[PDB]
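Peer 1: Spelled out, the chains give:
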Amino acid sequence: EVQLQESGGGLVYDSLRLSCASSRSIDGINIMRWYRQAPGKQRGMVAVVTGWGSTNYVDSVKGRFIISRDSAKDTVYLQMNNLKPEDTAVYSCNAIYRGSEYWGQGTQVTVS
Amino acid sequence: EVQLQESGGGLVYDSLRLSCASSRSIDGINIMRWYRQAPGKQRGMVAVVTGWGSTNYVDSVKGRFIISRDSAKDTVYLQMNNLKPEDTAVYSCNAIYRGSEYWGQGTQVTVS
Amino acid sequence: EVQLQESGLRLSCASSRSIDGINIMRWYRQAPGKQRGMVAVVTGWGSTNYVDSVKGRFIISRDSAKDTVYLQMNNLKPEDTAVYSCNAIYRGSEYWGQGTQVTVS
Amino acid sequence: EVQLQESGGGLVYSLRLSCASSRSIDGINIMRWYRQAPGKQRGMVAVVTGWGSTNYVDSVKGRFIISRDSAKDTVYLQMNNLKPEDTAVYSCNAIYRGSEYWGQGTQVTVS
Amino acid sequence: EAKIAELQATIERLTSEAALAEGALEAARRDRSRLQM
Amino acid sequence: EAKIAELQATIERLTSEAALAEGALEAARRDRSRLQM
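Residue numbers (our numbering), protein chains in the order written: chain A, 1 to 112; chain B, 1001 to 1112; chain C, 2001 to 2105; chain D, 3001 to 3111; chain E, 4001 to 4037; chain F, 5001 to 5037.
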């Protein structure tokens, strides 16, 4: 099964970066999307990338994030910008490959 | 001691009466108010006769019922007027003598 | 440019043209005093699924010939009483018809 | 026809409150306090009459006290047990021939 | 006589305000029950 | 043909996941909209 390693982290008093790389089938995933996982409460998607470049987002973060592929490391680029610090949450990135759904390990980030 | 018996009941689909039999301290008259307890719903003071003739009801039946104290047998009446369903509940009688609360046995009014 | 005229315990719609040249289409349920809600999904594959409320309840079927899709009401409890409208998706577009209603019991 | 005056602002780590009265003292039938947290309805807190009555609102037992100085035409209510929520706009009225009587009020604090 | 009349008035108004309060705010608790139970 | 098969499998995955979301969250509307209004 495709393994997924992620990135990100820190703590500052507006911008930060988060990209997860798949273990195999580089460029072998149609829909990829990160979900937000806030404490206690359940999990929910934040942004999507199709297999080819278009990017719908969640209304909660329109314009606030840029999501973009990078076949160089199979690291779709979930970019955190102008963060409202309350929006912190463990972040796991998903992969829908060959009809099967593969989950990341989750990552938590906060600033301010 | 100061006993309280009433009347009322029975099926209908216009106006009726309910009593409050006073047993002792006949004309210990002060606030003789009546209470309205719909099942599950909480009780509530409805219509009051003071010790001396003044009568305030509650807005919930304001101007609808008529209250009347007839010391001939010293049984304060409530003229249940132009009945409509929702009043269907237990009704009782209340008395205050020497600052001491008292309670009736409650009667089941059922209309419509 | 597609039109989805409705019909209809068994209800259907017809498309303007190109059934099975029409990719994903689904149906929606409008309970009164409520907002929109999806019902069941046929694909171009015939791959199919329902929503949890109507799971097991409703059954959906595609007729490739006469430009149509089918929903059949089943063992209905009045709670499903609503106005239904049949939907379709074509090269990234909505496609909604006029829809029709269902009653108590 | 009555008039109403009060006192008791600021924050202490002691604790203070009171009101006063104006006209024809010892007509002190139901002479009651009120309190209004801003953007809420009215509210009665403590009731004291001429006959040494003592009864309060379900929240100020322990938290408060009523006093009644017949001398200088006044009724007293002294806060106890600091806790900020008691911050509000106040009033301290009475009843006379059953006429609606009302005043201005005061505020309360934190810390 | 004057003081019994004035107490008469204070009782009549305490009952009147009690009736207004009980009616209005039992309607309020009725709304509470209907829209959250 | 491989590409169309892959993308179609993804279509079924999205359809099923979206159905699950719609169901759970219509249930959320029902339940807590009743507990609120």
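Errors might be hidden in some of the hints.
Simulated crosslink set (DSS-like; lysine-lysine; CA at most 30 Å straight-line) [stated by the list, open to error]:
| no. | chain 1 | residue 1 | chain 2 | residue 2 |
| --- | --- | --- | --- | --- |
| 1 | D | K3072 | E | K4003 |
| 2 | C | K2055 | C | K2066 |
| 3 | C | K2034 | C | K2066 |
| 4 | C | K2055 | A | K41 |
| 5 | D | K3072 | D | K3061 |
| 6 | C | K2077 | C | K2034 |
| 7 | D | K3040 | D | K3083 |
| 8 | A | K73 | F | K5003 |
| 9 | A | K41 | A | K84 |
| 10 | A | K73 | A | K84 |
| 11 | D | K3040 | D | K3061 |
| 12 | C | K2034 | A | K62 |
| 13 | A | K62 | A | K41 |
| 14 | B | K1062 | D | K3040 |
| 15 | B | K1041 | B | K1084 |
| 16 | B | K1084 | B | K1062 |
| 17 | C | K2055 | C | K2077 |
| 18 | D | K3072 | B | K1041 |
| 19 | C | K2034 | A | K41 |
| 20 | A | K62 | A | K84 |
| 21 | B | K1041 | B | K1062 |
| 22 | D | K3061 | D | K3083 |
| 23 | B | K1073 | B | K1062 |
| 24 | D | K3061 | B | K1041 |
Pulled a few chain C residues facing chain F out of the computed Cβ check, cut under 8 Å [to be verified]:
| no. | residue |
| --- | --- |
| 25 | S2012 |
| 26 | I2024 |
| 27 | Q2030 |
| 28 | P2032 |
| 29 | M2038 |
| 30 | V2041 |
| 31 | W2045 |
| 32 | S2047 |
| 33 | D2052 |
The calculated label-pair distances, taken between Cβ atoms and stated as ranges, are [unchecked claim]:
| no. | chain 1 | residue 1 | chain 2 | residue 2 | range |
| --- | --- | --- | --- | --- | --- |
| 34 | C | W2096 | B | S1015 | 19 to 25 Å |
| 35 | D | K3083 | B | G1008 | 47 to 53 Å |
| 36 | C | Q2003 | A | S112 | 18 to 24 Å |
| 37 | B | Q1037 | D | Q3036 | 19 to 25 Å |
Read the hints as simulated data drawn from the structure, not as lab findings. For every residue, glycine included, the Cβ atom is placed at its ideal position computed from N, Cα and C.
Peer 1: Each of the hints needs a verdict: does it hold here or not?
Peer 2: Each hint, compared with the structure:
Under the criterion of a C-alpha separation no larger than 30 Å, the hint pairing D/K3072 with E/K4003 is consistent with the structure, at around 22 Å. Proximity of C/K2055 to C/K2066 is assessed by CA-CA distance (about 27 Å); at most 30 Å being required, the pair is judged to hold. Annotation: proposed proximity of C/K2034 to C/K2066 is violated, straight-line Cα distance about 33 Å (limit 30 Å). A C-alpha spacing of about 26 Å is found between C/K2055 and A/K41, which places the hinted pair at or below 30 Å, so the restraint holds.
Distance restraint check for D/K3072 and D/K3061: the Cα-Cα separation of roughly 26 Å lies within the 30 Å cut-off, and the hinted pair is therefore satisfied. A threshold of 30 Å between alpha carbons decides the hint, and for C/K2077 with C/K2034 the separation of about 18 Å falls inside it, so the pair holds. Under the criterion of a C-alpha separation no larger than 30 Å, the hint pairing D/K3040 with D/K3083 is consistent with the structure, at around 19 Å. For the proposed pair A/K73 and F/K5003, the alpha carbon gap of about 22 Å is at most 30 Å, so the pair holds.
Straight-line distance between C-alpha atoms of A/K41 and A/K84 comes to about 19 Å, which keeps the hinted pair within the 30 Å bound. Of the supplied pair hints, the one linking A/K73 and A/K84 holds, its CA atoms being roughly 28 Å apart against a limit of 30 Å. Proximity of D/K3040 to D/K3061 is assessed by CA-CA distance (about 22 Å); at most 30 Å being required, the pair is judged to hold. At most 30 Å may separate the alpha-carbon atoms for a hinted pair to count; C/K2034 and A/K62 meet this at roughly 26 Å.
Annotation: proposed proximity of A/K62 to A/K41 holds, straight-line Cα distance about 22 Å (limit 30 Å). A distance of roughly 26 Å separates the Cα atoms of B/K1062 and D/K3040; the hinted pair therefore holds under the 30 Å criterion. Taking the CA atoms of B/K1041 and B/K1084, the gap is near 18 Å; set against the 30 Å cutoff, the hint holds. Between B/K1084 and B/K1062, the direct Cα distance comes to roughly 14 Å. Compliance with the 30 Å bound is thereby established for this hinted pair.
About 13 Å separates the Cα atoms of C/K2055 and C/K2077, which keeps this hinted pair within 30 Å; it holds. Taken as a hint, the D/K3072 and B/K1041 pair is broken in the structure, with Cα atoms around 47 Å apart against an allowance of 30 Å. Distance check on the hinted pair: C/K2034 and A/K41 sit about 25 Å apart at the alpha-carbon level, within 30 Å; holds. With a C-alpha separation of about 13 Å, the suggested pairing of A/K62 with A/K84 holds against the 30 Å cut-off.
Our distance criterion of 30 Å between C-alpha atoms is met by B/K1041 and B/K1062, whose separation comes to about 20 Å. Distance restraint check for D/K3061 and D/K3083: the Cα-Cα separation of roughly 13 Å lies within the 30 Å cut-off, and the hinted pair is therefore satisfied. With a C-alpha separation of about 26 Å, the suggested pair B/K1073 and B/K1062 falls inside the 30 Å cut-off, and the hint holds. The suggested pairing of D/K3061 with B/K1041 holds, with an alpha-carbon distance near 28 Å, which does not exceed 30 Å.
For C/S2012, the shortest C-beta to C-beta distance to chain F is roughly 20 Å, which exceeds 8 Å, and the interface hint is violated. The restraint placing C/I2024 at the interface with chain F holds, with a minimum CB-CB distance near 7 Å, inside the 8 Å limit. Because the beta carbon of C/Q2030 sits about 12 Å from the nearest beta carbon in chain F, more than 8 Å, this interface hint is broken. Annotation: interface hint on C/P2032 violated; nearest CB of chain F at approximately 13 Å, more than 8 Å.
At its closest, the beta carbon of C/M2038 sits 5 Å from a beta carbon of chain F; the interface hint therefore holds under the 8 Å criterion. Because the beta carbon of C/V2041 sits about 5 Å from the nearest beta carbon in chain F, less than 8 Å, this interface hint is met. Look at C/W2045: its Cβ gets to within about 6 Å of chain F, closer than 8 Å, so that hint holds up. Using the Cβ-Cβ criterion of 8 Å, the hint placing C/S2047 at the interface with chain F is satisfied: the shortest such distance is roughly 5 Å.
Taking 8 Å as the C-beta cut-off, the interface hint given for C/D2052 holds, the closest approach to chain F being about 3 Å. Range check, C/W2096 to B/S1015: about 56 Å between beta-carbon atoms, so the 19 to 25 Å window is missed. Between D/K3083 and B/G1008 the CB atoms are about 48 Å apart, so this pair conforms to the stated range of 47 to 53 Å. Distance hint check for C/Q2003 and A/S112: the Cβ-Cβ separation is about 53 Å, which falls outside the suggested range of 18 to 24 Å.
For the hinted restraint 19 to 25 Å between B/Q1037 and D/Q3036, the CB-CB distance of approximately 31 Å leaves it violated.
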